[PDB]
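Novice: The primary structure of each chain is shown beneath.
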Amino acid sequence: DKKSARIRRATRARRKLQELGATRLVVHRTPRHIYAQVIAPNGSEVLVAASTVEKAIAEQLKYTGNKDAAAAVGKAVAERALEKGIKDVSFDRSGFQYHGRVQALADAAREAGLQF
Amino acid sequence: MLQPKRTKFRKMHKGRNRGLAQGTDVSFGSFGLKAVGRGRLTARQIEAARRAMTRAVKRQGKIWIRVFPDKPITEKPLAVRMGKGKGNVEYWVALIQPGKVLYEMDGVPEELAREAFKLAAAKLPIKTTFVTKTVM
Amino acid sequence: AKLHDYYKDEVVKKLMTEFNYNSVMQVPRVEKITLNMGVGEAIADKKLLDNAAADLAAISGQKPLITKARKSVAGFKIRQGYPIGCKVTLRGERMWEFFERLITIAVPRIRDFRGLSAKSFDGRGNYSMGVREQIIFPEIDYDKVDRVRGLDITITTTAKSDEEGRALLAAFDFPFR
Amino acid sequence: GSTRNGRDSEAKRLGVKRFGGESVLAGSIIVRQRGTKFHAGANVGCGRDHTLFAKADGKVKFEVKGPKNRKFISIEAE
Amino acid sequence: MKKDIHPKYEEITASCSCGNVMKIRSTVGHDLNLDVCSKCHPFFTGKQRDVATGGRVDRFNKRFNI
Amino acid sequence: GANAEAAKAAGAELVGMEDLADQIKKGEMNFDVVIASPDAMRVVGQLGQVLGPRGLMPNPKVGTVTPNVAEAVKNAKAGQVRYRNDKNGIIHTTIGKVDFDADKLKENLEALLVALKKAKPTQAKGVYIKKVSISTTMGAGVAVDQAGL
Amino acid sequence: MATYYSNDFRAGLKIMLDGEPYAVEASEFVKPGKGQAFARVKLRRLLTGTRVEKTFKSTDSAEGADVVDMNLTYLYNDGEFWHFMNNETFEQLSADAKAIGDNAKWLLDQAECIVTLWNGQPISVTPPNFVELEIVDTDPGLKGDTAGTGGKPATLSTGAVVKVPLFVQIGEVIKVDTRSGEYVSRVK
Amino acid sequence: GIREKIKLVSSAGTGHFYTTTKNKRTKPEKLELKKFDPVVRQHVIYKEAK
RNA sequence: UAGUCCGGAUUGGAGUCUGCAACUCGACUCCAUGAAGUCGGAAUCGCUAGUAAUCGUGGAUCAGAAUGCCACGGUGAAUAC
RNA sequence: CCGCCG
RNA sequence: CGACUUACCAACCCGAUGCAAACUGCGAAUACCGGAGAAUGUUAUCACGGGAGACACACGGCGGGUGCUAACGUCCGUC
RNA sequence: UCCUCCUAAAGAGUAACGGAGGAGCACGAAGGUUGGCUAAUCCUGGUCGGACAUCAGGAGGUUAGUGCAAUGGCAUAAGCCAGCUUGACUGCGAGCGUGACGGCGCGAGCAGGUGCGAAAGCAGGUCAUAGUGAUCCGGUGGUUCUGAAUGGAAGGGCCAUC
RNA sequence: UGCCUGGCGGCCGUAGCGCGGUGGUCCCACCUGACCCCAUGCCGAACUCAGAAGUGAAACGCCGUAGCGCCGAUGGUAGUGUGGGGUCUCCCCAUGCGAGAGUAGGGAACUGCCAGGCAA
RNA sequence: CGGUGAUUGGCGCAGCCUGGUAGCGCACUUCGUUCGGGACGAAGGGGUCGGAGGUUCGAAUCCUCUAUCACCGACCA
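Residue numbers (the authors' numbering), protein chains in the order written: chain O, 2 to 117; chain M, 1 to 136; chain F, 1 to 177; chain W, 8 to 85; chain 6, 1 to 66; chain 7, 81 to 229; chain w, 1 to 188; chain 1, 3 to 52.
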């Protein structure tokens, strides 16, 4: 299996993360359309959601699903996070290697001002 | 002498013999030999009541023994004081509550099966009765 | 990869009317070719494993993975995690250029050849042959060897029945006694 | 004759010390146990002996969570 | 694929006795000269001389000469 | 194993096996030190038996000759190791360096052998530890050293 | 510290009293009604070993020795001493002429002769059941008359003298036993 | 028993020491740990002694 | 200087000859096969001169079927204190 | 030097 | 070089059947810890200080070990 | 003497010359962290290669593993592997747990200084539970704390330890 | 609002498997290429990256089906707290609590926050 | 009764301690020697550790239960 092997890969730093009550930034990579959203410490409701499946993001990018289209997500999540008064988050890999597109979504979030 | 093969532990506790039985209905056979009294049967007593019961039904027919011992009985020797350990196992008993179908039988008429369990029950230390396979 | 460009439109087309698939992704494609050299007698010399792994570096195109022993059995006197073989999982581009090099100019070099078995399938579509020399491959110098022992080629496909992976091999003509 | 047994150990005094809704001052041991029979939950820490110690002067409350139903020990905050 | 650990995989040019010049990639080195390939091999003419071997009455009647 | 090509990065010349046992049988003087591993502990202990300890060039669990970490062993033992060896009498003669070094550090190079000779003995020493000590050059110099200072 | 009581030890348990190590060969433990217990112990001296008989009481008895009897490989000789090597760990070991005693003949080289080491030093050397050696000083034994087993003596390479039959001359490498010292056969 | 006890002595100016154990007859290379020295309040290298 | 262009056993095939007859059970050829074997343990035998040794030839028995036996010449020693 | 008996 | 007939033993599974102090995919009664509330009880509760004695227990009921589901036996639990 | 299970009567505790087994250690990685990974055993196919080595696929599901006995625990793995590493760190420690007492155990947080990770975070040894002995006397190193007229020292003390 | 879909949960087998069908403009999955960023104790298989030709095959989601798992009464039985009793190694009566197994039966989960698609 | 240590080739004895091999002296087998047997010389064979159950990758070895052969006990009245 490709999917559920990564869920247990991610669960160690999800359950630990809700044990600290952390408002977390959840990235979700796919071969097209990297996603990102910010979830309240209950885990049950979300605050900010911005991703390249949205039509206000994909119109300005040639391909959704590379590194600079991932840096377009992490800037837009951090531009909508600071409106709600969300300064301190915790990044969650969601089982993805912190290497490529999910680094750029955390790069562009740390560049725009999402403090972690 | 029916005896268990490679048990877990050699010596076990005494234990009480309370409660009712589980082999109540006659399952495998047509006629059974059900217990009424609360006692315990040794492996020599199962096997002596089987030889006195196989013989009367001359061997054709079929006999099921619904009890197996699987309980060891220790025994201190003579001229030995108390203490200094549990005794060594001599024989193996099966615990019989009231209602336990002990033996079963099939393939003989209703009167020869009647007149063979009585010759078997004279070898048992418990008071038994005669039961027949009932529908449901 | 001569016989991959051959595969893309003359074998895929060939197997869509033999087993009437409704979708082109149902056709059996081959995944990998794994070359085990079960050296066995590396208990005596460690460098006897080093020549044998050096022969997979010629028969294949890349460096082999030496294989540890999973368990330890005293019927062969091997300990846990003591190296007892070497494998080459060649796949992708170099498994087509090997499978070209296997069936065309290495199967005819087999001494006293009649054919490959039509029953060396494991009920799933995966072939396994086993050769008894190194020297059926021209990459051996014939002089630097000092041991007869060959290897076994296992062809793991994405087929499902023994027939459905036989017919994939039979279009590469794969002689089949 | 002789015997070969007659050996045991200091009973370790395990089990639950503080039960259900029973206010515990932070740092109060609740469960002293061998393995993680009872798992640590909200506001309750787990030690190096699987002693779930309280972490917030409050109540207790045991539960069952996930898909394994492991009694879990949380701490209502009063 | 890694660097520096693999043997060299330079393309060669095979040749067998039937004129079958066939370029392949291998690790032999300079060149390669072959005996038989998959074409012109005794697998299709080889079993032709395998079926008609057995029989003894036709052996005998050549010693009958009529 | 890997150490047949690993200590080749550690500068030693003939790295190997019983190829150097054909050279014991020929009696070659090209090496001074024999260092092995617990892999190679079956060769010189069985083939080069007399000719490895007659001239003395073995290794076990007393000298630092045979670990299995021979990579970082020979990154220094090629450079500066001078083998403190027995004699039948009292004498343990060691070697000073070339004359044209920094000679004040040599008075530590003679002194940082003292703390290793006094580091561990045979727990059965006699009256003195160091009676007489003279640092000669090759054939002409005489300088009476003190065992104390 | 490893103290022993005399009602404990069976056989081979090496003990150390009166400045010498002792091996126990056997011990019979008796105790009779209205008496105390004693163990008539058949010991064995270890350094100069002939035998010794002690009849210990139930209390007390002796400390043990560091007494390891492991397999050593004879590989070297120089002046007096005889060096040895373990084929398991490769540690050095140096035996003496008092430790070699009455067995300086029987080793040749690469022999797996066991030694007993006492307190980190060997005092005994046990050569194997058989060794193969070479005869260097033997008369060219002629029959002559002889009707009745001829048996000529042979001086060997190791300075031993053995009794050989009349068909081995010089360079006829022959194997012997070391426990007695007799010719058994000839290696070829 | 076999695993004897050694004494990691600080390579700072002081004589604070950690003590610990080491099986010498299996891994006889010395310990070069880097531990906290409470006299210097720094984290200098320690080295094995007896 | 190798189990090798040594050695020729064993064996497959194809034949010839004799004889009523070649399966038990012949000799011979042809093609293929290519074994043990690297000078022989204790022990033991023959020979002092054209001898030992080695090389071939003939006869008798006999349809066929000898490495045996019986005869014939070629080369040709060493040693006897 | 050795060499038993039918 | 190979097998033919084959009165018999029988693992994994399936269906039925019992057993277990050191078996549990189930599970009481009571007992126990804690909280609220009413009545009741000479504070019956706790803490500290003076003084002790006692540390050989017996039988009976229940739950057991052990023994012979022997003993006015023995050894714990609780009344 | 210590540890595990049962007896032990569903809190803890509980005896017998009651029924069963183990310990008097190991490890500088088998500790720390980050990143990944998933067993046992049968089944078929496959060179030497067999009941069983390695390879491949399937069934199967943790029947495996856990430095070592037993019990409890373990997939977020505590099990397997790889990199970097020394938190196997010093001073404290609210709060409880458990012993007649000597004692023993757990511990968020605080200060100093580090490690690993991008970071959130974790780390004052190890899956937990055995692997151990009080004082006195004495040994070594440190610290002017005392130092028998005063100045030193000796000897004590404290601290680390044997 | 109504369907489809994707992340994050609530819950934890009435929710799990098996078997039959079903979906691609969206999304998702395989897939395409890898010189590079990074990667394999060999292998881009995985991880990673760059893209979008193909297919919905696998897998995934949904639907249907009880063939198993699972849920599950009422009644009875066992056990037992307290108080009496007996032909007392076992049971009975008054009273209080009252299973486990099995039976009828239910059952192919339900549901919150956001985002995308498509119809309104 | 228990208490303690052994049962390994046709026989008798080592190996065990400290796990990775089953040896030794006789005999028996063949040959040689001899008029022959005996002695003697040469070549050679035969066990798989009393049985059972584990521990361990692996047991003759370490462990437990046994078996019947030895030894030592079987007190105070």
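Since the hints were made in silico from the structure, they are not lab data.
Keep in mind that a hint or two might mislead.
[Claimed, not checked] Computed cross-link-like contacts, DSS-like style, restricted to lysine-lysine with a CA-CA straight-line distance of at most 25 Å:
(1) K144 (chain F) to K8 (chain 6)
(2) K17 (chain O) to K72 (chain W)
(3) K200 (chain 7) to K26 (chain 1)
(4) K19 (chain W) to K17 (chain O)
(5) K8 (chain 6) to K13 (chain F)
(6) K157 (chain 7) to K3 (chain 6)
(7) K47 (chain F) to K3 (chain O)
(8) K106 (chain 7) to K52 (chain 1)
(9) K24 (chain 1) to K210 (chain 7)
(10) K2 (chain F) to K47 (chain 6)
(11) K57 (chain w) to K34 (chain w)
(12) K68 (chain F) to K39 (chain 6)
(13) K7 (chain 1) to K200 (chain 7)
(14) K37 (chain 1) to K141 (chain 7)
(15) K47 (chain F) to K4 (chain O)
(16) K177 (chain 7) to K49 (chain 1)
(17) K66 (chain W) to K4 (chain O)
(18) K47 (chain F) to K3 (chain 6)
(19) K47 (chain F) to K39 (chain 6)
(20) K2 (chain 6) to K32 (chain F)
(21) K7 (chain 1) to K157 (chain 7)
(22) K24 (chain 1) to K200 (chain 7)
(23) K210 (chain 7) to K52 (chain 1)
(24) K37 (chain 1) to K197 (chain 7)
Novice: Regarding the pair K106 (chain 7) and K52 (chain 1), is the alpha-carbon distance no greater than 25 Å?
Specialist: violated (45 Å)
Novice: Given the hinted pair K8 (chain 6) and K13 (chain F), is their alpha-carbon gap at most 25 Å?
Specialist: Given pair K8 (chain 6), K13 (chain F) is violated - Cα atoms ~35 Å apart, limit 25 Å.
Novice: Run the distance test for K66 (chain W) versus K4 (chain O): straight-line Cα separation, threshold 25 Å.
Specialist: violated (40 Å)
Novice: Next pair to validate is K157 (chain 7) with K3 (chain 6); report whether the Cα-Cα distance is within 25 Å.
Specialist: Violated - the C-alpha atoms of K3 (chain 6) and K157 (chain 7) are around 32 Å apart, more than 25 Å.
Novice: Run the distance test for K47 (chain F) versus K3 (chain O): straight-line Cα separation, threshold 25 Å.
Specialist: violated (39 Å)
Novice: Would you check the hint for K47 (chain F) and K3 (chain 6), treating anything up to 25 Å between C-alpha atoms as holding?
Specialist: Holds - the C-alpha atoms of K3 (chain 6) and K47 (chain F) are around 24 Å apart, at most 25 Å.
Novice: Is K57 (chain w) close enough to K34 (chain w), meaning Cα to Cα at most 25 Å?
Specialist: holds (15 Å)
Novice: Holds or violated: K2 (chain 6) with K32 (chain F), Cα cutoff 25 Å?
Specialist: With Cα atoms ~18 Å apart, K2 (chain 6) and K32 (chain F) stay inside 25 Å; holds.
Novice: Within a Cα-Cα threshold of 25 Å, do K144 (chain F) and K8 (chain 6) meet the stated pairing?
Specialist: The given pair, whose Cα atoms are some 18 Å apart, holds under the 25 Å limit.
Novice: For the pair supplied as a hint, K37 (chain 1) and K141 (chain 7), confirm whether the alpha-carbon distance does not exceed 25 Å.
Specialist: Violated, at about 29 Å.
Novice: Hey, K68 (chain F) versus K39 (chain 6), does the alpha-carbon distance stay inside 25 Å?
Specialist: violated (40 Å)
Novice: Holds or violated: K17 (chain O) with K72 (chain W), Cα cutoff 25 Å?
Specialist: holds (15 Å)
Comparing the model with each numbered hint stated earlier shows that hints 4, 5, 6, 7, 8, 9, 10, 12, 14, 15, 16, 17, 19, 21, 24 do not hold.
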